[PDB]
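4 protein chains.
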Amino acid sequence: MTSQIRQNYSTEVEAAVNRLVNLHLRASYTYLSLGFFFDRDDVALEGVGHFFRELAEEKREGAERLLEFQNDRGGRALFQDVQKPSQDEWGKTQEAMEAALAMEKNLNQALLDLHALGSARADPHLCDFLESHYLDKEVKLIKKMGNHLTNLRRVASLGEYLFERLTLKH
Amino acid sequence: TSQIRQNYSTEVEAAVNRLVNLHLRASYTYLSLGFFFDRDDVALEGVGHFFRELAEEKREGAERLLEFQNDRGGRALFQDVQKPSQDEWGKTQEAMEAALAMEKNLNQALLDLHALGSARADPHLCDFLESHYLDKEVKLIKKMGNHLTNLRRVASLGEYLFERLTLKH
Amino acid sequence: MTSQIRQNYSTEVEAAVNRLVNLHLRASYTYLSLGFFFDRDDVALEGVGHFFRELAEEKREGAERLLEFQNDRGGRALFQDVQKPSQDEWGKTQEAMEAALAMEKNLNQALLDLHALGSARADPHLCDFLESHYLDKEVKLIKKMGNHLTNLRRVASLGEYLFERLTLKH
Amino acid sequence: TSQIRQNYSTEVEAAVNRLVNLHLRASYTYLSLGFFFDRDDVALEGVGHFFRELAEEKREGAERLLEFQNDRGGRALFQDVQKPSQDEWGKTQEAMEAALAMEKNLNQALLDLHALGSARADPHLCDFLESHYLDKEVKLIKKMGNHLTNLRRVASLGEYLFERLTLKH
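Protein sequences appear in the order of chains C, N, D and A.
Mapping of the first sequence onto the authors' numbering: residues 1 to 156, 169 to 182, in sequence order.
Mapping of the second sequence onto the authors' numbering: residues 2 to 156, 169 to 182, in sequence order.
Mapping of the third sequence onto the authors' numbering: residues 1 to 156, 169 to 182, in sequence order.
Mapping of the fourth sequence onto the authors' numbering: residues 2 to 156, 169 to 182, in sequence order.
Chain C on its own, in the form it takes in the complex:
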């Protein structure tokens, strides 16, 4: 059938929002894997673990907010398989932070493609939603990850422990 409330909503935009919800769920899954990898007994870096566990929660809230938006606009959420994380062990915190930065840059590129699509179909509500809820948060998180990576390259064992102790915990 057709929704009674659906207005100025495209099927392409709806599929793109569904794919974005899947991407956000996959990112939350990867961050859960990272956070639980970093509290292992042979890693023992609980600050990095808390960082990634908070990022997993943030991505989960993002996916749930995108689903609420999809429901508000008259679209039907179609859930897909949440692909497992790309790695089982993430090595040092620098490699893990580089992987997280690449993943958020890909998520941001997807957000920007959805914004360009919504601006093409003249969907101002979708673009305003993405701007007020997704774009600035993402650039802030990418800047924070760049700072963390710079400080990790600076302290590069002992420097890794000092970074986890004095930067991530504080």
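Just so you know, not all the hints are guaranteed correct.
To be verified - Stretches of chain N that chain C covers, calculated by requiring three or more beta carbons in the stretch to come under 8 Å of a beta carbon on chain C: (1) 111-117; (2) 134-147.
Unchecked claim - Computed list of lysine-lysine pairs in DSS-like fashion (alpha-carbon distance at most 30 Å, straight line): (3) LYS105/C to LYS137/C; (4) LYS140/C to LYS140/N; (5) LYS140/N to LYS137/C; (6) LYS84/N to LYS144/N.
Since the hints were made in silico from the structure, they are not lab data.
For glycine and all other residues, C-beta sits at the position ideal for the given N, C-alpha and C.
Assemble chains N, D and A onto chain C, guided by the hints.
For chains N, D and A alone, kept in the frame of chain C given last:
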């Protein structure tokens, strides 16, 4: 002409005037609805309060659009506020369908004004409409869709129960 | 690789905890799908939606607690694909509650299988953890779902709305 | 022969006595460790406080096991508490490895007592051990493993930094 007018078009100004007129007429229709649902032969005060609040919201929208028109250097031109389309609105389901259609038309007018402002390169107007008008409209349309679904679900007795358990509290 | 803290922990039990984490994640995914299906404009039962959204949170906390346990015991978490929910649309709230009850009973059966496995391999900490954190919660949730199903069969349109209004909180 | 003894075995009673002795010996060793780490030529007061707290935890464990033995109708038999296995414990990494080995031995003894009580069908003893001894022991072993990983990571200067930023916090 005005000393403060900048990046403001005459087409956009006329569109804002027509939009404040649409908002005033929608507030008028919601006032008529809320006072129809308070009659002694209707006696549904929850759905009456619903439309009485919607009339206030539409009036605030029209006044905010007028403040915007004044802030941008435009001249507000007021027109006749056409009387509501109906005197009696029947059951609450028919009235809620009429309100939903009216707000879908209002949201379509808002989107047309946003497209006009984006074509004329008026970023302030589009930002104003996005931050103040679009999301409120989609939220109200979703609420009206939920109300209509629940009204179709309960459909006399179901109407009273909907007004008591959903609209009143 | 011969972790320093692993003691009285089996590889079979570790694989079973991993499968349980995957089952809990799949259940949380299914409950998220349910709670967002019950918030559509053509369903409009936000009480049932809130119920299922709260259950998805509980399943996610269960999976995270099982992962914390796996880390505490010296096991390595292996993440798999989170299979998409079994249905896209769940029909009436009675069919959806029956599906949720079946899923809860299957999750409880998996928990009991893991408890029996841990008792077979003489793993007292695992069985104590499952008893104090998972079994009673499961039987309470199953009893609540049985009560909800009985009341839904009792009120069986108008009865569904009345059940969502007077029984389910928002 | 006691009036309250029920479902209590002589084997289980002897095992609880041996476990109380093991807990007292572990408390003695942790006391020796904590007082070794506040020496003037060690000067690591954080890792000293760590072991001073662990000694108190083992003392509470032994006293709770004695209270349990009294509650079940058994007669506590106290034995000699052997001196700690070392007088000087070297660096904090060697000392933490020794503490981890002692904790794993204590946990293995707890698991043997649990298996014994489950063999004699003593559900109260197993429930007591599960609710009071097993989870605490696995948490302490995980904490010691994390401490050892961080000590191997920072490994002089790294040892001081670990005692300052991890143990004092």
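Chain C over the segment 134-147 of chain N, status - at least 3 residues with CB closer than 8 Å:
Holds: 8 residues of the segment 134-147 of chain N have a Cβ under 8 Å from chain C.
Proposed proximity, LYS137/C with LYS105/C (alpha carbon, max 30 Å)
12 Å, holds
Assertion that chain C covers the segment 111-117 of chain N - criterion: three or more residues, beta-carbon distance below 8 Å:
Since three or more residues must qualify, the claim that chain C covers the segment 111-117 of chain N holds, with 3 doing so at under 8 Å.
Has the given pair, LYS140/N with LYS137/C, been kept, meaning a C-alpha gap of at most 30 Å?
Between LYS140/N and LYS137/C the Cα gap is close to 23 Å, so the pair holds against 30 Å.
Between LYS84/N and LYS144/N, does the CA-CA distance stay at or below 30 Å?
25 Å, holds
Is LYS140/C close enough to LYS140/N, meaning Cα to Cα at most 30 Å?
28 Å, holds
In summary, this structure violates none of the numbered hints.
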